[PDB]
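Only one chain is shown below, in structure tokens, and it's the form deposited without the named molecule.
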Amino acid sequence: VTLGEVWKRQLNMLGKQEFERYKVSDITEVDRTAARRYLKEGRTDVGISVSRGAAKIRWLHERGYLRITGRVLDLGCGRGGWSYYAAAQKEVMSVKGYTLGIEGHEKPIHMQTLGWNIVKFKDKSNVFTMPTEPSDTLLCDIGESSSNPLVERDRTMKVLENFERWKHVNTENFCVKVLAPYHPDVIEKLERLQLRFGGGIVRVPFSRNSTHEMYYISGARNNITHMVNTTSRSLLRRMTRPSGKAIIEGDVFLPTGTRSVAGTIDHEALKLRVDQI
């Protein structure tokens, strides 16, 4: 019924070569070659990003869709790509990342990119059921794809409901993955959230054409139905005429080091934190 649902049915009918060509058509992509090398080598002395996901948050932040400041919460942090990016940012004071890190889920990776000392990770943590805590900036990149669009609908709904559960009065800045934005139920939820919290929905150009994912963000106001329909039409237009060519951009490289921005650096506690990771 929706253009998004047409997109998804068509996506899963594409051949091997066709799917691969389509997936990258006209998208933006970071070259991960260097980072992947240092990660297999196991270096912790190079300021690399632990995942391709850091490119998405960098785009949102640099474009001005999201201010990243104060106490940052990262729900579903995985390896920690968004957490480490946030920690490196001038106005950020602390970062707390929570993730499952159980079988078949990514655990947080230890890295020493700038502000690694103000990042705390906790795995074995289900963000849908655990106690909440305040944040000035609330990030959530949760939304696992499925061949069943109704499963994706329900997953997206859960993410948006849990966002509202975590959001505090001071949570002025936010960025929440919307896995399957085109379902009428999801549009309705987002419209109702927007009525209370403002914000808007955006498509990140680093997202592959094989996902309809969009991000509910604090830093822009727009028409939800319009933005979603525009993305559906773009994905369908790219499918009819696939370039097979991505725009390559430089990876998220960060400086390394600790940040002092009340207490002096507790290197003894830091070692133990790193030991546990």
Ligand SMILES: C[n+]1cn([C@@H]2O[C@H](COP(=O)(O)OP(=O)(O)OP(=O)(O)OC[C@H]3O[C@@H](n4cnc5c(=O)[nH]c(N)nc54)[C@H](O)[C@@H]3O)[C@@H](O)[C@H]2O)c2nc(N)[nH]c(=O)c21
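Residues that one form lacks are left out of the comparison. By rigid core we mean the largest C-alpha set that fits within 1.5 Å across both forms. Residue numbers count along the first chain shown, from 1. What changes on going to the form solved in complex with the named molecule:
Only one candidate in 158, 192, 122, 105 has its Cα displaced by 2 Å or more between these two forms after core superposition: 105. Look at the core-aligned forms between these two forms and you find a single run of 3 or more residues with C-alpha shifts of 2 angstroms or more, at 102-105.
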Contents of the next structure:
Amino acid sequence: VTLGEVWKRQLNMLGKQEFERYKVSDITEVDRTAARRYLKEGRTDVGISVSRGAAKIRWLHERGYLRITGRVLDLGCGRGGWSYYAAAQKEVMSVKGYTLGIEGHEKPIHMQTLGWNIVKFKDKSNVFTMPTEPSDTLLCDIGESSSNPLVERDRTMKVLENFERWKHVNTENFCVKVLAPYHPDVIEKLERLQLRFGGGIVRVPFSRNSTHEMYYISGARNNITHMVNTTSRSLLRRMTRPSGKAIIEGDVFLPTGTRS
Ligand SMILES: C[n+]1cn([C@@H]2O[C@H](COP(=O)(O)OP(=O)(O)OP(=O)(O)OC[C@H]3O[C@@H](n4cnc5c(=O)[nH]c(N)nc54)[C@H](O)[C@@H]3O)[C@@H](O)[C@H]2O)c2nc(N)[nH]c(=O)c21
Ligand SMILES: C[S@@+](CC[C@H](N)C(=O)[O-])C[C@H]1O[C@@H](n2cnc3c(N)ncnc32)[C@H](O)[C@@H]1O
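What does the same protein look like in the form solved in complex with the named molecule, given that the last one was the form deposited without the named molecule?
Starting with the chain above, the whole complex follows.
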């Protein structure tokens, strides 16, 4: 029915090699070699990011989609890539990161990058069961992929309901992952949230062609439906004519040390 529904069906039909070629086609990508090399040797002192995910929040911040300010809540922080990026920013006073930590390599990793001493992590935290707390900047990077679009729809709606709960009057800045934005129920929900909170939706170019994820952000106003369909059309175009090639750029590097 929607363009994004056509995209998901066709994606699931792709052959193994077609899939691998398509997923990286014309996407942007950070080179993670330096970070991985330093992490393998346990070098927590060096100015590197713990995850690939940090490239998404840098693009959001640097391109004017998101201000990062005051007390920041990082929901679904995982390793801490968004938390440590935030801690390094001028206007930030503290970061609190919450994550399930269901798997070992998805638990917070301590670093000594700038402002590490103003970050607190709590793993074994379900942000859906816990009471909300005030924030000036609310981040949420939750949404597990599924080949089943109905599963992805439910996951997305669950994340958006909890976001509305966590989103306080209080909260000026926000960035929330919308796993599968193309579902009519998801669009209708985002539209009512936009009436309440403002903002708009953006597609981060570091996302792989194999997911339709977009981000609901405070920093811009735009038409939800127009933005989602434009992404759907881009992803379909890339499928019929796949370059099989990502544009590689430099990773997220950080200053190091404590902040007062
Ligand atoms: C395998 N597969 C999937 N689809 C379809 O594509 C969608 C996206 O999932 P896809 O596996 O990229 O991503 P995830 O489900 O999130 O898994 P995963 O690799 O575990 O990604 C999650 C984790 O990977 C981590 N990650 C980051 N960088 C890398 C990396 O460079 N390599 C790997 N393996 N993981 C990375 C990242 O941090 C994140 O936590 C699925 O829903 C299906 O519709 C397929 N379709 C066809 N036709 N053929 C296929 O073989 C096929
Ligand atoms: C995409 S990862 C976070 C990546 C992170 N922004 C980074 O750059 O390192 C999403 C994380 O959210 C966590 N998560 C999923 N559901 C959650 C829940 N209900 N409460 C807290 N964390 C959750 C997952 O365990 C996963 O590690």
